[PDB]
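Have a look below at one chain only, the form deposited without the named molecule, in structure tokens format.
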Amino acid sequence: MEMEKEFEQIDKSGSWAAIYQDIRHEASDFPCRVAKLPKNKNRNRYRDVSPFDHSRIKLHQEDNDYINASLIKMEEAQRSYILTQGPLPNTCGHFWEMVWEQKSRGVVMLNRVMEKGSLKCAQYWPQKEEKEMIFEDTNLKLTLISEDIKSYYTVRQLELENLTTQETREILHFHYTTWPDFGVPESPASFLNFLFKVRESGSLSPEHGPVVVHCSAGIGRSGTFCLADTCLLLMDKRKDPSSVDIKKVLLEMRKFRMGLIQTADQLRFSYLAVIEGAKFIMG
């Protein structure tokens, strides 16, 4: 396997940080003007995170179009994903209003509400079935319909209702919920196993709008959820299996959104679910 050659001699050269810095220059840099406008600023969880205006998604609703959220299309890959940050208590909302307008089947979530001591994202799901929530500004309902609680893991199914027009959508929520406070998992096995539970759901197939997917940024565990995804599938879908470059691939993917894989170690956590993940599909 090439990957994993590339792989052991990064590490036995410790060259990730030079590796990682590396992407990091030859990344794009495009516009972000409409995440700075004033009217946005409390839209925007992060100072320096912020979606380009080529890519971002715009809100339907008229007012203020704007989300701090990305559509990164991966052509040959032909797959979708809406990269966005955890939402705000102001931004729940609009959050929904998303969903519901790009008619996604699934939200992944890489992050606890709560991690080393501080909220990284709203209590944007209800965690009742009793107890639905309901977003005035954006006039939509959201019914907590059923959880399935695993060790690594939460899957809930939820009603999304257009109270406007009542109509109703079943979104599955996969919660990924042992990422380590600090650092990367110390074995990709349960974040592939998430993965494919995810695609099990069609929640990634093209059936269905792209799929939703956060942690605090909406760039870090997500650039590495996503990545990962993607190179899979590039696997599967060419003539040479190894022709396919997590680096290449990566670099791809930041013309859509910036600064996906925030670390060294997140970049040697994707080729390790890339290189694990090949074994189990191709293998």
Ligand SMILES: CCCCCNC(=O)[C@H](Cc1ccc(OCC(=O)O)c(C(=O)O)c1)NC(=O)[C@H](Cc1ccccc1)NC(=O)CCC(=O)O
Second form
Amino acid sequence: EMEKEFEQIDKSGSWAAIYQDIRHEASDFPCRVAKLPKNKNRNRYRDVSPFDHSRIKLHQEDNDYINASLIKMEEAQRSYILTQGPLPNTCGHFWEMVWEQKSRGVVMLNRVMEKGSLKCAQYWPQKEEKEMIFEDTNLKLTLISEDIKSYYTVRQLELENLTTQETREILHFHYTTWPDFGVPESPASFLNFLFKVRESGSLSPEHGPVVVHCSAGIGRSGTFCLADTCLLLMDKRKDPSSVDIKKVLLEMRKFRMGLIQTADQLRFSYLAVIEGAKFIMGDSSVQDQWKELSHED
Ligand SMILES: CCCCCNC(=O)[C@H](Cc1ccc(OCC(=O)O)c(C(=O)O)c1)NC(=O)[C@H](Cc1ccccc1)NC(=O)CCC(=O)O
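Switch from the form deposited without the named molecule to the form deposited with the named molecule bound and print that structure.
Now the full complex is given, and it begins with the chain already shown.
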């Protein structure tokens, strides 16, 4: 029982040893293509790479590499693509992947600059009259509208393949207040945002996997996925309390290394998931409380 485990861990002061244990047991799979010298310019960090077995392959004959991994949750029936924050030369690759995987949504949980340091390129357009063209991938991206909230912004984007001329609506969900190596301000804020992502349709199985990213594509992004996936499980078990969060995280760590970067992010996923279960269980008003508590305005 989740809650029961959570308290025992908390009362026993064991978040760090439980977290170190997860790291110690995570899967070790090769990241050979990501390490090829010619892809060094495609990697934001030297110690963060996609496993060979689950990486996303660009459909270029030229060079199919993108530091991105397909996290496929069989029991939850949900797939996610987790990627680092694109670099100046991978903005086209990033959009080529969104297009090739049929993603309808993009979840960004970092800010372009954090602590004065640069974490991701400005890969989408900031003004509607200033659209972006990715020459290398023959794509055009246009900002269609944006809804700014106090800690997040939802943007409506139009991605066009210039080769075939088809256009697609891409929703972009941007969490602007999640510190690096940190946790959202509260479970309510987190959940209010996640439920926004779920209600947009983006995560539906008739579309490609949603794209999640932060600067490395592992801490913040792992956190968001573990809570989303645990909640889906709690809603399909009907013995919701048997969802074992450590086990779900180790399953996801088989597809991408380092998911969840601090013990505190692990502990927050437990708080988020337990608070989110109120909704699963049947509380028809906890959602409006999260919106109120999140202070969207
Ligand atoms: C899994 C192992 C990584 C843990 C230690 N590594 C780091 O902090 C980062 C990777 C990283 C991981 C999670 C993050 O999100 C946190 C979140 O979302 O909560 C962020 C992030 O957002 O900042 C950054 N890598 C380096 O700094 C390398 C360390 C290094 C340096 C030299 C050789 C080998 C490793 N430097 C770089 O890669 C510099 C770039 C270069 O030289 O190409």
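Numbering follows the first chain given and starts at 1. By rigid core we mean the largest C-alpha set that fits within 1.5 Å across both forms.
> After fitting the rigid core, tell me which of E75, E136, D181, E130 has its Cα displaced by at least 2 Å between the two forms.
The listed residue whose C-alpha shifts by at least 2 Å is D181.
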